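Colleague: So the chains spell out like this:
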Amino acid sequence: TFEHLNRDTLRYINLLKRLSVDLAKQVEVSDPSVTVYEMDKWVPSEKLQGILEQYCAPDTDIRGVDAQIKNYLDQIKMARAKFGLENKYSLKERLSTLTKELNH
Amino acid sequence: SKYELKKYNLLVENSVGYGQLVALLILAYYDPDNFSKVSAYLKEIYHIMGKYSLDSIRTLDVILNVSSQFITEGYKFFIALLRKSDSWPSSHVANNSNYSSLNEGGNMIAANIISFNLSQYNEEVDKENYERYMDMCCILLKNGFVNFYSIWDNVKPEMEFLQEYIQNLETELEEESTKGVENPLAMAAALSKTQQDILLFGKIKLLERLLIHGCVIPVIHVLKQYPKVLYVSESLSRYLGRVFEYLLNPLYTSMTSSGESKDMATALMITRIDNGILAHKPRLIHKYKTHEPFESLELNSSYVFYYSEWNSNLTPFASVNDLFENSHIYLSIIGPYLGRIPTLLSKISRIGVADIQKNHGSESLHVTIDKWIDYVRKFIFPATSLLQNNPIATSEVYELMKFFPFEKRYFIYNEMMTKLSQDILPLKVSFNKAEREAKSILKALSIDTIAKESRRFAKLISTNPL
Amino acid sequence: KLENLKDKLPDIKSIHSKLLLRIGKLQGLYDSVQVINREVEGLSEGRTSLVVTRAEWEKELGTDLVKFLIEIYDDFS
Amino acid sequence: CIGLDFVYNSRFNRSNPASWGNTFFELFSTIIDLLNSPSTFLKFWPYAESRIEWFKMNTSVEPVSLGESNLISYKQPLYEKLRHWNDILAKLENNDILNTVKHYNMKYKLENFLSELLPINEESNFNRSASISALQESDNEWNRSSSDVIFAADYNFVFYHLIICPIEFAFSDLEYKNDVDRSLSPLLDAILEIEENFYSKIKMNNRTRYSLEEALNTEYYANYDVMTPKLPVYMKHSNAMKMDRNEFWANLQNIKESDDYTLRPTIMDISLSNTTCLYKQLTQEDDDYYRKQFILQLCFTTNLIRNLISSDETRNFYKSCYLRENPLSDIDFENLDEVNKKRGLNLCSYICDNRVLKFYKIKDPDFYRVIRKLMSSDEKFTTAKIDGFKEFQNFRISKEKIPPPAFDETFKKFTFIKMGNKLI
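Protein chains in written order, with PDB author numbering: chain C, 106 to 209; chain A, 165 to 356, 394 to 667; chain D, 99 to 169, 191 to 196; chain B, 97 to 241, 250 to 528.
Please keep in mind that the hints were generated in silico from the structure rather than gathered at the bench. Treat each hint with caution, since some may be false.
Simulated pairs of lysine-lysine, PhoX-like, Cα-Cα distance not exceeding 20 Å [as the list claims (entries may be wrong)]:
hint, chain 1, residue 1, chain 2, residue 2
1, C, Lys146, A, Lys490
2, A, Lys559, A, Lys548
3, D, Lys106, B, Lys484
4, B, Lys305, C, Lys122
5, C, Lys122, C, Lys152
6, A, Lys609, B, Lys526
7, A, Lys603, A, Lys548
8, B, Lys360, D, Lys99
9, C, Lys122, A, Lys201
10, B, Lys177, A, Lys170
11, B, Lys187, A, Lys166
12, B, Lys171, B, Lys152
13, A, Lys548, A, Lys579
14, A, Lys579, A, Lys640
15, A, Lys240, A, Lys201
16, A, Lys406, A, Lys425
17, B, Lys205, B, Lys139
18, B, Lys484, A, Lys291
19, B, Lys198, D, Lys99
20, B, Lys384, D, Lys111
21, B, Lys467, B, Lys334
22, A, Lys640, A, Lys653
23, A, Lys609, A, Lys620
24, B, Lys467, B, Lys484
25, B, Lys360, A, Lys201
26, C, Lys146, A, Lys482
Here are the in silico distance ranges between beta carbons for each label pair [what the hints assert, rightly or not]:
hint, chain 1, residue 1, chain 2, residue 2, range
27, A, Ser503, B, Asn355, 55 to 61 Å
28, A, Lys429, C, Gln131, 57 to 63 Å
29, D, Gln132, C, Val139, 27 to 33 Å
30, A, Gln331, C, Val139, 57 to 63 Å
31, A, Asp197, B, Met308, 25 to 31 Å
Quick reminder that beta carbons are idealized off the backbone N, C-alpha and C, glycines included.
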């Protein structure tokens, strides 16, 4: 049993830093003043950070958190698609027409 | 059988033993929470060193080697580990920051092992790790682990061989200066290792690194005794200028105010046309840590010096009076070699101009004028006499000089001409080089070659006229 | 002390099992990331959001624009 | 302790002031004998580690300069004390089965004290070429018992015959060498295949992440060269997870350092005895430290064998050492005809250089520097011991009193000649 404990301790501590895998690091900044980005200060959004941190919680189960991740993902896709579809068509048409009228 | 210690102090003697230890050591540097588990690691290492009867000396060495292998970004945990282990001199800790104690205290066994490992530069494998090992020793040599002189007195190049190399360099330089050498252009083109050693390792390299890592008092105390050492290599002057420039920068910004003008160092945003609309984005860079002291930005990423608290022991100036008081220590050491770093000339001269302008109205202006006269006479002008085709620095020094009575300017110029060109070696070398070059150009002035000879003569006369 | 070790086997055992659980969770966490990264790739490579509205897109995007979409598989890169 | 300090303080009053030495040490020995159990010994040692600098002066009544000792192995003070403490060390080593961690801590404290007392150079402070037997890492005859069985047998055979005694496996009859070679080859093959799988997993993860993060931004153009591990973002900035991990490490550490569990094995033992545990240890693909230990062992022993075969100068020293302790031996020490020499110096340069370094020169270029530095340092230490550790005989401890320097803080004066020179 002691041998098992020692080997598993090495496996665990090996698995945090070295064998780790992290996010994709898609970057977008709102502030206009900033022009140079460190590319390492990028953090995930609080909504994602809480959902992730609930994994290593003492009493939580994995399946429910996986479901919550699925729901978050679907919400993100839906909101992004809705905003893009709204922004493209009507805004482009109105901007073009108003620009032409203003030039005339 | 009766009086031997029965311990195994060569790696192949107790293989299993050292195996475990060194493997464990790697673990400590690959552990995210390694910082809060120092005590567990020390207890593990003691348990192991007990089981298979490893030695204390060899095990200290094994720790030092595979630690120096990770020193860059491991130094925090490394120093905490050694700080809590009982191989740390706790009742006689060395100081290394007080002239009266540069040779008292430390852990002399670590001193033996270090002074040993620093003199092995004969094989080919250690020539690529000497840098990291010297950096680890330079880190240890300022937290009081070992006193300085215990390391200085015992590294390879003895003081006598150093002095001999110094005399050889002095004579060769003086001869090549006074006599000079004819550079063959078309001459005869038709008819009808120990120097590298002294320069690259041992005492000189230790001095350069002790200077880079912000420990100025050992090297000040050494160069106070043997000034000629500055002839061995140029890099000492550059690094001393680095620490002095960091010392002076915050005083310099408080005057000649550039802080209000600091808010213009920004980069252009990457602009791109997508779907027929403009879109701006910021540029993305990443940060790397290296052993080279000067920062840079190589086309996508920025490099920085790793040991980011090297400037902990130094306090910048608060008033020009402190600038005088510390000039008398650092600049009197750097000597006539200040010219190797032009930017310092510009900074000090602009500080002078602003200090003289600040009290144009007051009655005591002549006091400050006299004091800056003396300063420029003793510290700056000999330096500017050394420059090489660099007009703007001389333009700055003269922009400061403009405030004096012309009698004083003639005094300084004539003294520099008569008494300080001779009787000082590097100044003499530079004057002789400039003079020979001026005559060489003067022999080749024509109505047809003026288009470029005029520019060259203008640069040469503007840089080092008198 | 070497004779009686049946009485000290439980506690260690406990820790062992506890450690195992921790690893599990951490492993799970990594697996989780390996899905979301993948989904993000989905958004980059062209458009694949061929989702069904079911009166939801009318609620979110707007009833007025819903006409032009009635007459999604839209890019979201 | 108060009496032991009193005898130090009352030295000047004694009739023969030097005679305090043999007195002081004497008392010390007695009390070292009376301590009940290693618990009490560890509770008492910080004293003897506080007042070391009092031991180093054998007879002089004035303190010694820090770093110089005037004790010798055969002098009147140590003549019996070193013999006695070596007896105690030997007895503590002889247990080997019923050793609580307290015992190993005690033996370490003692060996470090004695090694610090005598200088590095004394004739009895560096061993004279005794290659340590009894290196086994088994579970002390507890829990001691397909592919697992053959792997265990092969590892046991090569470990014993090559690493337990490099000397013998250096002077063989050309049957022994080829035997250990035919036993070794597949072992290294399998272990290196496993390490390849390991680094392949790492590189696949990093490459996929980098390709995505590059194709997801405007002008990123990631740097594929660097691969040093870094803590993930969603952990480098959290605080709940860090507190939880610290609570767990504290719980485990409290389990460890408790008087109920002082009979454990070290954190890196391999236990050649229990076959299935050995198999689970070496071939796991997630815990690679055991393979690093094995590679390090092979590299050390092969370094020694190569130097032995080729140098023909250390061979004389080892022959002399083997002879002096036992004038009757059987190893050739001269018979290196060339058919043997060839096979040996070939197997060495094969495993130590052709495979190991060639492997860890492309992948993990930090273990590379580690093994190279350790091998070179071991060679240097061997050749330094050969001459009798004369390189540490000269050290030049400075004894001056350094005064604070004086800085000229005055400026020169100006002559009567207002202008430059008399004429103007």
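Colleague: When you take the CB atoms of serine 503(A) and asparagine 355(B), is the distance between them in 55 to 61 Å?
Modeller: The hint (55 to 61 Å, Cβ to Cβ) is violated, given that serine 503(A) and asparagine 355(B) are roughly 42 Å apart.
Colleague: Taken at face value, is the distance from the CA of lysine 139(B) to the CA of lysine 205(B) at most 20 Å?
Modeller: Within the cut-off at roughly 12 Å; holds.
Colleague: Under the criterion that the straight-line Cα-Cα distance not exceed 20 Å, is the pair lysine 579(A), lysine 640(A) satisfied?
Modeller: violated, 30 Å
Colleague: Are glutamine 132(D) and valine 139(C) spaced within 27 to 33 Å by their CB atoms?
Modeller: holds, 31 Å
Colleague: Check whether the Cα positions of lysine 384(B) and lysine 111(D) lie no farther apart than 20 Å.
Modeller: Given that 20 Å is the threshold and the Cα spacing comes to 19 Å, the pair holds.
Colleague: Has the given pair, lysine 106(D) with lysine 484(B), been kept, meaning a C-alpha gap of at most 20 Å?
Modeller: Cα-Cα ~48 Å, so violated.
Colleague: Does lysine 579(A) sit within 20 Å of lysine 548(A), going by the straight-line distance between their CA atoms?
Modeller: Answer holds: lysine 548(A) to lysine 579(A) is near 17 Å, not above 20 Å.
Colleague: Please work out if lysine 240(A) and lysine 201(A) have their alpha carbons no farther apart than 20 Å.
Modeller: holds, 13 Å
Colleague: Does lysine 653(A) sit within 20 Å of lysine 640(A), going by the straight-line distance between their CA atoms?
Modeller: holds, 16 Å
Colleague: So if I understand the rule, the pair passes when the alpha-carbon distance is 20 Å or less; does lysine 360(B) with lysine 99(D) pass?
Modeller: Measuring from Cα to Cα gives roughly 16 Å; hence the hint holds.
Colleague: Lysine 609(A) and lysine 526(B): Cα distance at most 20 Å?
Modeller: Between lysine 609(A) and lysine 526(B) the Cα gap is close to 15 Å, so the pair holds against 20 Å.
Colleague: Are the Cα atoms of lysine 177(B) and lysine 170(A) separated by 20 Å or less?
Modeller: holds, 16 Å
Hints 3, 5, 14, 24, 27, counting from the list given before, are not met by this structure.
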